[PDB]
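Participant: The chain contents come next:
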Amino acid sequence: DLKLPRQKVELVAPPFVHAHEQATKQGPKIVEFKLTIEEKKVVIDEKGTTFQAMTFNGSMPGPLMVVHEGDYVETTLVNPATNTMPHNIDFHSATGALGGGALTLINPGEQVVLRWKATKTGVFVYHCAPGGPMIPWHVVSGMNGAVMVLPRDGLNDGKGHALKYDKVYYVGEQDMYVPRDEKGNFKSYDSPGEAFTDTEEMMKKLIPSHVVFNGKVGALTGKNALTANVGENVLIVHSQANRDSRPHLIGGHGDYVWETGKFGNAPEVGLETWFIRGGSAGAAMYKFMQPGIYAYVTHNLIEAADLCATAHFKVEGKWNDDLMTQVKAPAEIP
Amino acid sequence: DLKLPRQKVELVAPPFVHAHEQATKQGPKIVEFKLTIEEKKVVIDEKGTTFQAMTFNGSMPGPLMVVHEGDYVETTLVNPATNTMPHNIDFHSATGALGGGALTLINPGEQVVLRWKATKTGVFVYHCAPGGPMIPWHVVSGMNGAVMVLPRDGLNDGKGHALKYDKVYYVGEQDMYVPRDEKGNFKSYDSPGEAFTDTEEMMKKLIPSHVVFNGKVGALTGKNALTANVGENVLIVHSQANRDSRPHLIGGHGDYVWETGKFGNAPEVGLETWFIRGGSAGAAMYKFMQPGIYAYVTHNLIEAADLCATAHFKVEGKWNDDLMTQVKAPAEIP
Amino acid sequence: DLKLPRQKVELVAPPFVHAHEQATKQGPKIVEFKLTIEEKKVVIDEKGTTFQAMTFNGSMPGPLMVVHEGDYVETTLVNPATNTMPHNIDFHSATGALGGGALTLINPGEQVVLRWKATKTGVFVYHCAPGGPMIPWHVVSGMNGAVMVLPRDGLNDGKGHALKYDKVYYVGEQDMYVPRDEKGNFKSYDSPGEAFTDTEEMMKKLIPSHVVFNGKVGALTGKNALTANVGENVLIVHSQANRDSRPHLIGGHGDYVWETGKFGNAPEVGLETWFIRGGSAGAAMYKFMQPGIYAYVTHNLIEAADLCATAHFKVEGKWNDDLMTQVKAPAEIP
Ligand SMILES: OC[C@H]1O[C@@](CO)(O[C@H]2O[C@H](CO)[C@@H](O)[C@H](O)[C@H]2O)[C@@H](O)[C@@H]1O
Ligand SMILES: OC[C@H]1O[C@@](CO)(O[C@H]2O[C@H](CO)[C@@H](O)[C@H](O)[C@H]2O)[C@@H](O)[C@@H]1O
Ligand SMILES: OC[C@H]1O[C@@](CO)(O[C@H]2O[C@H](CO)[C@@H](O)[C@H](O)[C@H]2O)[C@@H](O)[C@@H]1O
Ligand SMILES: O=N[O-]
Ligand SMILES: O=N[O-]
Ligand SMILES: O=N[O-]
Ligand SMILES: O=N[O-]
Ligand SMILES: O=N[O-]
Ligand SMILES: O=N[O-]
Ligand SMILES: [Cu+2]
Ligand SMILES: [Cu+2]
Ligand SMILES: [Cu+2]
Ligand SMILES: [Cu+2]
Ligand SMILES: [Cu+2]
Ligand SMILES: [Cu+2]
Numbered sequence: 003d004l005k006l007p008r009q010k011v012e013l014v015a016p017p018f019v020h021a022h023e024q025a026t027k028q029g030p031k032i033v034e035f036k037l038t039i040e041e042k043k044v045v046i047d048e049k050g051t052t053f054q055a056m057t058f059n060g061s062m063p064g065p066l067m068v069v070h071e072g073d074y075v076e077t078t079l080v081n082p083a084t085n086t087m088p089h090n091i092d093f094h095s096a097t098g099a100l101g102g103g104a105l106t107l108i109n110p111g112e113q114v115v116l117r118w119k120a121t122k123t124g125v126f127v128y129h130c131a132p133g134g135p136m137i138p139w140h141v142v143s144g145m146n147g148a149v150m151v152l153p154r155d156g157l158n159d160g161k162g163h164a165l166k167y168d169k170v171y172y173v174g175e176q177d178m179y180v181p182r183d184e185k186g187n188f189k190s191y192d193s194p195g196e197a198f199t200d201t202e203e204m205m206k207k208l209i210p211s212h213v214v215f216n217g218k219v220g221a222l223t224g225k226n227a228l229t230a231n232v233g234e235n236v237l238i239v240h241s242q243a244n245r246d247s248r249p250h251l252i253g254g255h256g257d258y259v260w261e262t263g264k265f266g267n268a269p270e271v272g273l274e275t276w277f278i279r280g281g282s283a284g285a286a287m288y289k290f291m292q293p294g295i296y297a298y299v300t301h302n303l304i305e306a307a308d309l310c311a312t313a314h315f316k317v318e319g320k321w322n323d324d325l326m327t328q329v330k331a332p333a334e335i336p
Numbered sequence: 003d004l005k006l007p008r009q010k011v012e013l014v015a016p017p018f019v020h021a022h023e024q025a026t027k028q029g030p031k032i033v034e035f036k037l038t039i040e041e042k043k044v045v046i047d048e049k050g051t052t053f054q055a056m057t058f059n060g061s062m063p064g065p066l067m068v069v070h071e072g073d074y075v076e077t078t079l080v081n082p083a084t085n086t087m088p089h090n091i092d093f094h095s096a097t098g099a100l101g102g103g104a105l106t107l108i109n110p111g112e113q114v115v116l117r118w119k120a121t122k123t124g125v126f127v128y129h130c131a132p133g134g135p136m137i138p139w140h141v142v143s144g145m146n147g148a149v150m151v152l153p154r155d156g157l158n159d160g161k162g163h164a165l166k167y168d169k170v171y172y173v174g175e176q177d178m179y180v181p182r183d184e185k186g187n188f189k190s191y192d193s194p195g196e197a198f199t200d201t202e203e204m205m206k207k208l209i210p211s212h213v214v215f216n217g218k219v220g221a222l223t224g225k226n227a228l229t230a231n232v233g234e235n236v237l238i239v240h241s242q243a244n245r246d247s248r249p250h251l252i253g254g255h256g257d258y259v260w261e262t263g264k265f266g267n268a269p270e271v272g273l274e275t276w277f278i279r280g281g282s283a284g285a286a287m288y289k290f291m292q293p294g295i296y297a298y299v300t301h302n303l304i305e306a307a308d309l310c311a312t313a314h315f316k317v318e319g320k321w322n323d324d325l326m327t328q329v330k331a332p333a334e335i336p
Numbered sequence: 003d004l005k006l007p008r009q010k011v012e013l014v015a016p017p018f019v020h021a022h023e024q025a026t027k028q029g030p031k032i033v034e035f036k037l038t039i040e041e042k043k044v045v046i047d048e049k050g051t052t053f054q055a056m057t058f059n060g061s062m063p064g065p066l067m068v069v070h071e072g073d074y075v076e077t078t079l080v081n082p083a084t085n086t087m088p089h090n091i092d093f094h095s096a097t098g099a100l101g102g103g104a105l106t107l108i109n110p111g112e113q114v115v116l117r118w119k120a121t122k123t124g125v126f127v128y129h130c131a132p133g134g135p136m137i138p139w140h141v142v143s144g145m146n147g148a149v150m151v152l153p154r155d156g157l158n159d160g161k162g163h164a165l166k167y168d169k170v171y172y173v174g175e176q177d178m179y180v181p182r183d184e185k186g187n188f189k190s191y192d193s194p195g196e197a198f199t200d201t202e203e204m205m206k207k208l209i210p211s212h213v214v215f216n217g218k219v220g221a222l223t224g225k226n227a228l229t230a231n232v233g234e235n236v237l238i239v240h241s242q243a244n245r246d247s248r249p250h251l252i253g254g255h256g257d258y259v260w261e262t263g264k265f266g267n268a269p270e271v272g273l274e275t276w277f278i279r280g281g282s283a284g285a286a287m288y289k290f291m292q293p294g295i296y297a298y299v300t301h302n303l304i305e306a307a308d309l310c311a312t313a314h315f316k317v318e319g320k321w322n323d324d325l326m327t328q329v330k331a332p333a334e335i336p
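Protein chains in written order, with PDB author numbering: chain A, 3 to 336; chain A', 3 to 336; chain A'', 3 to 336. A prime marks a further copy of an entry chain.
Please keep in mind that the hints were generated in silico from the structure rather than gathered at the bench.
All C-beta atoms in this analysis are idealised placements derived from N, C-alpha and C, irrespective of residue type, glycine included.
Each pair of labels, with its calculated beta carbon distance range: (1) A/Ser193 x A'/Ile335: 19 to 27 angstroms; (2) A''/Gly134 x A'/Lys207: 26 to 34 angstroms; (3) A/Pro336 x A''/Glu12: 14 to 22 angstroms; (4) A'/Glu23 x A''/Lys207: 44 to 52 angstroms.
One side of the interface only, derived from the structure: several residues of chain A'' facing chain A' at Cβ under 7 angstroms: (5) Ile209; (6) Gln328; (7) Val329; (8) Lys330.
Taking the hints into account, I'd like the entire structure generated from these sequences.
Facilitator: Here you go:
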C-alpha cells in the first residue's frame, strides 16, 4: 500500500560510506539495502591472533547505511546456509518490535525483509540480538554497524548556519574477548560454537583483550590511513555497540560534535575529547588546518596504544606557522 | 520557627512512585517522610545466590521521594535495634553537612530528623555514607535511592512547551559484589559483618558479579514487567549511586532526556542510549508508539543479558505498519 | 617575525594556580612558560607504597597554565641529563604536529621551544606522548597536566551574565598501576625502566591499584585541604588524561559546569555529579552556602574511599538553618 519511489543503495565497506546527498530536494522514498551475514575466522592483530567473527556483509563494523528523515528503509537480511547460527537485526533508529529484532530472526538458509520509517535523525547503532546470552555474544563477535538519518536540509550548527562535510568516514570500534590458555597465549577455535563457552566466561569479567577500529589492530593505518587536505571539513561517525569510548583527534579538535549522535540537538563546539556511550553512535566534524599525520584514538591510551584502538589520518597541504611552530629545535641545555 | 503547612507522604516501593502533582498551585510546605533501615539477607538471582543487603525501607533501590522546588523535606530516619551497624543519609539534593550525612549518624536503636530545603530541581541520589571504607560498602550493599524535585510549573522542553508524563517509574540500578569460593561458587554469609572482608577485596577490583534493577535479576519482568499503552508518555527515572550506566529502551527512544538529571537544563531530544554517571540520577521520557514487549537495559549488553540488568515493558495498543512492517516473513533464500 | 609583547609566567604547584586575569583589556601576547621534567620515586599512600613517577615540574599533575584566547603560548621543555628517558609534550589545546608532540621529542640533556596559538577556549589536557606503548606508560606514570584558555571577556553563563570566580583550584586525577608480588604486597622498583614490564602487564588489564588527586592518597586533606568561605565562588578544574572520572562535591553542587571543559559551550546548571572523559579536562564552579567540611570525590565511591580519590574543603562562615537543620538529634526510638 506504500506508493513511494524505490531507490537501491550499493553499500560499501567501512571506513568509506556509500554516496549520498546531504541536503536533498527529494521527498521520501523507500531506500533498499541488502545485508548478508558472514561468520568467519579472521586475524585481528599483527601477531596473528585469530578470532571467530560474525559480521554483516563481511566487515567489522557492518557498513554505514545513509538515508534522510522520513524515508522508509527496506532491508533484506540474508543468512546463508553456510552459517551455523540464527541471526537477526535491531536498528536503534527504528520504532517497534525490539528495533526489528522480533521480526527478523532467520535460520541459516533464510532471508527476511523489514521496513522501518526513519522518524529520528542522527547516527544510530544497528546490531544482531537473537535472544538472551546470545545478544552480547553476537554483538561482541562483530555483528554491529550504524545508520545515519540526515535532516533533508542537511546538518546545521544550531545557530542558523549550515554545516556541510567534504567527506565522511565511519569508524566502528569493537571490544573483543579472546581467551588465553594456561601459558598465556591466545586460543584459537574451529567454530563460533566452540569459542562460546570460554568467550562467555571472559566476557562476564568485562575486560576486553583487544579494542580495534575497523576489525583489526592497525586497520586504519599505512596504505589504509584516513586522508584529508588542509581546508577540508571531515565528518567522523564513531560507533560502539557494547562499551564506552572516548574519541580524540591528536593534533586536532572536534569543531562540531554530537556526542550522543542525534541531530535534533545542536552540536557542541571545540571539543578535545568526546564520549560515545556503549550502545550508540556519535559524530564529530573537523576542518583540518595543518598537514601531517594525526592519530584518531580512544583516549584511554592503554586501549589506544596497547589494545589496538588507533587510526591515522594523513593530511596534505601547507604548514601554518602562526598556529604552531618549533621556535628552537632540540638542543643541549645551556 | 518555620511556619509552613505540613504534608505527610506514604512512600511506595519501587518501581512505583508515590502520588504527586506535576505542576502545582500549592506554595512551599514541609513534606514529611520516614525511612526505616533494614539489613537483610536476600536472593538476587534465579540460581538462588544470596546477598547481605542493607536497605532504606526494605527495598533496593530505596523509594523515590517527590517534592517541588522550595519545599522543605523533613525525613525521620530510623535505625531499629534489630540492625547491627550505624547508618546515616546523604541527599545529593541538599546543601550542607555532607548532604545531611554529618547530621544523621544513628546507631541501632536510634532515630534522627533532618530537614533540608529543596533549592535544586531534578532527580538526585540519596545514599548512606557512614564514613571511610564503610561509605562504598553500605552503598553497594543497597543503601541508595533517589529524590525528584519538580519545578512548580511542572516539566518543560526548554522551548516553551510543557512536558507532562502519564506515569513515572523509578529504576534503581545496583552493582553488587558477591565473592566466589575456590571451586567458583558464590559465597553465602551469616551477617553483613562477616561478608565485609571478602566483599571489600572484591569491590576494590572494580568488577561487579551482578548488575540488577530493583534488587534482583528479573525483578522487572513477567508479572512485574513495567506497563504502558500506545500514546502514553512515560517518565523513567534511573539512578546509579556508584557506577556508570547507559540506559536504552529497545524498540524505543528517549524522546526527552535529562541525562545529568537536572531540570534547570533543557532536555536533549531523540536519543538512542543515554548515560547515567555513577553517583547520579537521570530521567527520560518516551511516548509509546507501538504495542508489544520492549526491553529496558543498560547497553553494556554483557551486563544486561549476563549480569542481570534487563527490565521489560509490556505495551498495549494497535500496531502501526507505517512505522515498521515485516514486508516478507522468513523464507528460504531463492 | 611574530612582533607581540612577551610575558613570563612563574608556574605554581597544584592545586594552586598562577596569578592571572579573568577578563582582560590586554591584547594577544606571547606567554612564556618553562617545564622541567623530573623522573623520581615517590610515596603514593599512607602505607608507604612507592611509585616510579615521571613528572612535569616535579608534581602530579603538572602545573595549570592559564592564558587567553588568541595568546601564543611559548613553552621551553627541558629534559635534564639526570633523567633516563626521552620525553615530549602534546597540548590538546594546540593545532598540528600531534599537539606539539612531533616537534618536542627531547633526549636527556636537551631542551626544545614550542609555540602554539591558543585558538580554542576551555580547559585542556597536556601530556607526554613519546610514541607507541610509551605513550600510556608516560601518562599513567604522572606526565600530564592542564592548560586553561580563557575568553578575553572572562567566563559567562550562556545567557548574557558574567561568571567571575573568587578562586580557582586544579585537581588532577591520576590512575596508577602498581604491581603486586606473589604474597600480595606492592612491588618497589629501582628505576622506571625496571618497573616497565610488570607495570605494562598490569596496565593492559585496565584496573588501577590507586586513583589519587594531586599525586597521593590524602594529598588534598588536613593541612592541605582546599579552603573557601561562605559566599565565595570557587572554580574547580578537574583533569584525567587516561581514564574517566565522575566528580562530585559532597554537600554541594556544580552551580555551573562545563563537563566537556570548553567555554564556547554554555555551562550546565545545578549538577550533582559530572563526568570527565578520559583524555580531557572539565570545570565546575560553586558558590558555597554552608560552612564546614566538604569532600570532593570521584563518585565511584570504591575509588574515592578505598583507592585514594578524595579531597576535602574546609569552609568558614555562618550556618544557614533555612537550607538545612537537624530538627531532632539522634535519640532512642519511641
Ligand atoms: O602436569 C599436570 C598438572 O598440571 C595442571 C596445571 O597445573 O594441569 C595441566 O595438566 C592437566 C593434565 O595434562 C591438563 O588437563 C590441564 O589442562 C593442564 O593445565 C594440574 O591440574 C595437573 O596436576
Ligand atoms: O588439599 C590441600 C591443598 O589445597 C589447597 C588449595 O590448593 O588449600 C585447600 O585446602 C586447605 C586445607 O584444607 C584449605 O584451608 C584451603 O582453604 C583450600 O583451598 C592448598 O593450599 C593445600 O595445600
Ligand atoms: O617453593 C617453590 C615453588 O614456589 C613457586 C610458587 O608457587 O615459585 C616460588 O619459588 C620459586 C623458586 O624460588 C620462585 O622463583 C618463584 O618466583 C616463587 O613464586 C613455584 O613455582 C615453585 O615450585
Ligand atoms: O589450556 N586451556 O585453557
Ligand atoms: O646540539 N646542541 O645544542
Ligand atoms: O573457599 N574460600 O574462599
Ligand atoms: O519457506 N520457504 O520459503
Ligand atoms: O614475586 N614476584 O612477582
Ligand atoms: O537518648 N535517647 O533518647
Ligand atoms: Cu547474529
Ligand atoms: Cu541495542
Ligand atoms: Cu548504612
Ligand atoms: Cu554521594
Ligand atoms: Cu615522558
Ligand atoms: Cu592526548
